Structure formats: C-alpha cells, structure tokens
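Read the single chain below, which is given as structure tokens and is the form deposited in one PDB entry.
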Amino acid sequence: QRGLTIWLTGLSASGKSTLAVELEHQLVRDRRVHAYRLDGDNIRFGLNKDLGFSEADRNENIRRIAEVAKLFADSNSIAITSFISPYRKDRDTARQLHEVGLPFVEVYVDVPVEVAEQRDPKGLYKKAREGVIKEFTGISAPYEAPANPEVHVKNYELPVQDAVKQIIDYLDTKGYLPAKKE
C-alpha cells in the first residue's frame, strides 16, 4: 500500500468529519487499505492542546498537522485530515511538504455559510454572530477557499455516501487504491 494524505478543508459544520468517517469506513472495508483520521478530537486536545484560534495558532495547528499527516502517509497509511484550514498559504505549505513525494488530495468540502449556519450543531455560529466567540471562520475570520482542489464536494442536500463516492472515484482515476474487493 502506497500512502497519501486526503486533506479536507471547509467551514465549521460543512461536514468534514462526517465525511471523513464514512470515507475511512469505505476505504478500510471495501479496499482493504490502512487509513487513519486526524481531526479536532485527536489533535486539538493532545498534540495541539497548546494552540487556540489566533491566526498564528492556526498557522501552527495546520503546520503540525501537515507534518503528522506526512508521517502517516510515509508509514503507508492514508491520512484523512478534517480541519477548517482556512488559510490557503498553509494548505499550500502542507501540500508542498508532501509533494516535494507523497500524494496530497485536497478535498474542498463546500457549503455556503448559510447552510453551515443553519446546521450550527454546537451553536458556535450563533455565538459568533453575538460576538461571544471572536474571529470565527466565515463570520468574523476568513475562509480562503481552495483555488485548485483535487475534489470539490458541494456538500449540501447530498447523501454522505454520494460525497464519499465522489472522493473514492477520484482516487481511482489516479490509481491510488487497490482494486475493489469482491
């Protein structure tokens, strides 16, 4: 198995983690590959527990996550990352770290702010509108959309399985996965 990184980027509540979970599930079970998810839960309370949400801390959050994803890819696993990663320069630095190589598949999990705001599972968009949370991506901090993602998922009014199929189909056009199991 050749490793690679599948880098999800998009607004808070765009559906990145949900997509990552289903993607990992299909990859492991249907293609028999090794995959591991890096997300807020296993990174921001551990390796990056010293970081907040200032621009500088987000630059460092992503810098570290990209180096860790590269280690997983180097280990021959598929690293699936699910972080807002709002700054294009940091995503490009992450891509270069891999390519200079290991494949880096950037997946833009795209929903308009309106859709994420109506989901608002943890009520953070409402807090951001009220000024309780400062510098909140999409409301009071920037989201720099990817210019050239390998996969662009219009992730609204869309079954998670259709979104995952879109990603797996892309990986197959590049031959990154073993043939599907019978």
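Here the rigid core means the biggest group of C-alpha atoms that line up within 1.5 Å when the two forms are laid on top of each other. Numbering follows the first chain given and starts at 1. What changes on going to the form deposited in another entry:
Core-superposed comparison between the two forms: the C-alpha position of residue 54 differs by no less than 2 Å.
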Contents of the next structure:
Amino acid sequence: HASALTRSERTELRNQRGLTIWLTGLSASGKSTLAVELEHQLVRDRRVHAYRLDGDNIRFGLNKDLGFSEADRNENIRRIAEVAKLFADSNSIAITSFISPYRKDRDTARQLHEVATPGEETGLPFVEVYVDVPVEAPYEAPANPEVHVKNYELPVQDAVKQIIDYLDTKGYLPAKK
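So the form deposited in one PDB entry is up there; where is the form deposited in another entry?
Excluded here are partners and other molecules; the one chain stands alone.
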C-alpha cells in the first residue's frame, strides 16, 4: 500500500529478471531481424514479457522532435536507453537494435543501466550483442560484448538460441516448459 513495489517483489511476482539487450553491428548485419525473432521467442517460447523498441515507433513518437545534428544523434540514443531501462525496471526484457555505430553510443546506454536506482543498490543488466558479419560514420565493433553472434550462414533461430542460452547462463529467465 504505502510505498511502491521493490525490485525483489516485482521480480518475484513477475517471475523473470529485467534487463536490456542491445544488438549492435553494421546496418546490414541483420541485427534488426534477430531482434524481432528474439522478442518473438522470448514471449512465445519462454513466456516472458519482452519488448522490442522499434526504430520507427521511436522516431515517429517519443523522439519525433529530434533531427540529425550530433547533439540530436546523442539525444536519440540517450532517450532510447532511458526507455529500455524503464522496461528493465518493470521486469521486462527491453530489446533494441537502434542505430549506434560507436562504442561510445552503447557505452553511454550501458552506463545508464549500471547507474543504480532507488529500486536497489544495483543497476540493471545491459547485454550488448555483437551481430558480426564478414566485411566481405565508421562502425565500431564492441570491445567486449556479452554475446558474439557470427551471423554468416547462420539460421536466425540458431542466432537467437545463442542469445537466449546466454540469458539462461545468467539466470535471467524462468526455466521453460
């Protein structure tokens, strides 16, 4: 009644942890396709609440006021990161493949997630997924992604299993059925 739901309670009641999965890679890497299949399997096959922050739903709605100066490019990433963090706070798995060529773009989102919230003394997981393709605004590959997917002749279903299995190694999901 008095004070709001704590992270323990919500996690307990929601039966899944909250986090953000950020798929990074070249525009042609197929990262967007993986995000879609990833959200689908998480919600359908694993029964959790997950949500893909789609580039265009974001641009046409929350970030419609933003253009293309460098400050606006940074602001787009900042708002999407704060929104992902809110989904993570609600014990949902936020997913995004929003354009972000530079390491500093993802590091900034990562840093906002690590910054604690009155929901604890801890931040929320940020899982950077490098969707790597044969190279066969200069994109900067991440230095240490939580997940590295070599998306060459790889069924999308296997690419996504790779991501989900990594989630299971951290205990972010409830066991399947």
